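In the form solved without its partner chain, a lone chain appears below as structure tokens.
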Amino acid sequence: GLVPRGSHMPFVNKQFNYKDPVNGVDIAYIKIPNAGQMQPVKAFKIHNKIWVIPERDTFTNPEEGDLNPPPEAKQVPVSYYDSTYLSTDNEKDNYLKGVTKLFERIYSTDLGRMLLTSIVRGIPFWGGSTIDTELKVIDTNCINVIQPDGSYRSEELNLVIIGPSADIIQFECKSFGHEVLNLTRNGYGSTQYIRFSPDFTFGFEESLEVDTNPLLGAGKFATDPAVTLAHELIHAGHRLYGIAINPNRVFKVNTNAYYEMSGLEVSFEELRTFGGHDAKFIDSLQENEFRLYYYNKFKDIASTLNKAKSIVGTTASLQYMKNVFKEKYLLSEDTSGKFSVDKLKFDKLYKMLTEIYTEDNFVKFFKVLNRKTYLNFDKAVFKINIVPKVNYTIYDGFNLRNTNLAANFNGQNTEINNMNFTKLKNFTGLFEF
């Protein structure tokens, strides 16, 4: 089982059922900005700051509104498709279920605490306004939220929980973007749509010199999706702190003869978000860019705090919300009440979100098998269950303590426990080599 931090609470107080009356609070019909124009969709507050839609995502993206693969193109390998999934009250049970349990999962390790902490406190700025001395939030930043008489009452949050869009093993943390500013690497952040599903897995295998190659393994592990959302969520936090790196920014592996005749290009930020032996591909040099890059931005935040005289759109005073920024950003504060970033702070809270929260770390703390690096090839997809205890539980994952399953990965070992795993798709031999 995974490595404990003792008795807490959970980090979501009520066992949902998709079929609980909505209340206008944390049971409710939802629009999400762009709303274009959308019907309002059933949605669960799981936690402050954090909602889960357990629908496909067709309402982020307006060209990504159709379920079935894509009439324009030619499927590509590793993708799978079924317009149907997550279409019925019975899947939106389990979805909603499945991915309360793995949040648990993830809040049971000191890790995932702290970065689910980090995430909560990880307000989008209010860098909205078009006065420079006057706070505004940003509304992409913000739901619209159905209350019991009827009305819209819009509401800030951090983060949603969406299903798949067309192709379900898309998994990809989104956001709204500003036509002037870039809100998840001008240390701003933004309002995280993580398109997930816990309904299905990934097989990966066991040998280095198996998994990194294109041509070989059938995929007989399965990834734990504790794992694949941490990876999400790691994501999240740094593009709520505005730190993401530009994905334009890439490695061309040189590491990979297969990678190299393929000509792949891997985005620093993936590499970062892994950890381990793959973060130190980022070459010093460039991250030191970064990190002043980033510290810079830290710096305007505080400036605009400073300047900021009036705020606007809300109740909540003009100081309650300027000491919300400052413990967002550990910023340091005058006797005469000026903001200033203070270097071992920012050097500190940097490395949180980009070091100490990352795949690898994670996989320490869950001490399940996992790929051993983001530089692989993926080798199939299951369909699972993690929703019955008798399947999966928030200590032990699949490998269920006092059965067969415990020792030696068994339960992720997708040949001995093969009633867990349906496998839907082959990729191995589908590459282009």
The other form holds:
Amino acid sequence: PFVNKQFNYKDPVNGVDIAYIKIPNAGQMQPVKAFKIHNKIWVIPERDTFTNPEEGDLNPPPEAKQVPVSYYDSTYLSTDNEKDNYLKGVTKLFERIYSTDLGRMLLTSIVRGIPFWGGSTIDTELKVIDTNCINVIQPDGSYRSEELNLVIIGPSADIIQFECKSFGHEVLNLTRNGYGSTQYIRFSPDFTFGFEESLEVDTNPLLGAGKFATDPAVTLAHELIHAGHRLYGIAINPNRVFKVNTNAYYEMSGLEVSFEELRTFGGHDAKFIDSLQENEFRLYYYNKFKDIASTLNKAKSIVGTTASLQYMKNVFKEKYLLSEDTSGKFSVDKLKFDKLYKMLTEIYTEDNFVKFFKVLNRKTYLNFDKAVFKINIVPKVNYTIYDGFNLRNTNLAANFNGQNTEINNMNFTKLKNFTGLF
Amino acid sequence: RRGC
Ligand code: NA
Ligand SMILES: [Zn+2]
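I would like to compare: after the form solved without its partner chain, may I see the structure of the form deposited with its partner chain bound?
Whole complex next, starting from this chain.
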């Protein structure tokens, strides 16, 4: 299993994989109970009022002001039972993802994608960037710094606004310079989205109530794919967008979708990014990798004592798949770079995960959500690692009946309709 | 992110 231990929210802290921690949000905060579910990966069963000190208010704004696709509930994830269920739900989804070859590949890439040690001012020393770490309270009450790659945390005010967040740098654009940075994914396994089986209906803002439910494993995988891009510092600048001209409703509103999102979805959506620009990005990141290789060449000493210089240089040799000549200098091989870049951007996509999970899912990112449902994937009678909602040897096994909210209605409670509100 |  990906998660060797079946944590319970109330398990006593041990200061190792169950502990009170603080994140480097450049601000003050009371420690929060966190769980380390796998090497380099932690889960914080709390609403995220930490990564952005300006988004610490969960209370729903006036009914008069609150956009279309959004859902508020200041009380969600405030009780120990909810946190216990949250932990178990997130764990189950990691197992579902890991149970597929594609998921195993993605999670392996994520664990190997340690954020680069480029926090030093002297080019002759390798130093970690502290915002790619968390402070763990040890048994003696003292804090120790631990590097990590990924944190799954509850959503902020808008419960369904799932996304990847990471701490920036005063000068370096860590998610776009090949360095990478610790990724915090706002996510909840307790809700999901409703979509429509007919493409003409799903991509229309005035039609459909959301007959089918999105499998939460796909939603989490989508965020993990973004995390992968960001951990390897190859995310596409959000200002690079596609002026949607394939959907009259998007067009009439001049809506634009970032290339990063189209890439992440994959399939035909990825084709909206022309060859000219794809080549531009590819060369840009190849050069960034070259800079990382040269920085490693100049590294003559290492700061700290958490690992040897040789160990860390090797850690990044494996991450970026660099080559090493007779002398001992690192270089970026074109074939190896293209292979890794392609793996992270074309192999790891939402569309491919749908193929592996054998689930029904939106056929494109360019659609309109229909509704949000409350769900509970923890009980095996409701959802499993192997089949999600479409439980084998039951009436829900075929035709995605488990995702059909009308057939499997006991597993979904519609909380809000979005159709007609755009 | 999910989008529209
Ligand atoms: Na929208
Ligand atoms: Zn996204």
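Take the two forms, find the largest set of C-alpha atoms that superpose within 1.5 Å, and that set is the rigid core. Residue numbers count along the first chain shown, from 1.
Participant: With the two forms aligned on their rigid core, point out which item of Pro71, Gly263, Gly337, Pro148 shifts its C-alpha by 2 Å or more between these two forms.
Facilitator: Only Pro71 moves by 2 Å or more at its C-alpha.
Participant: Does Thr315 show a Cα shift reaching 2 Å between these two forms after rigid-core superposition?
Facilitator: Moves: yes, 2 Å or greater.
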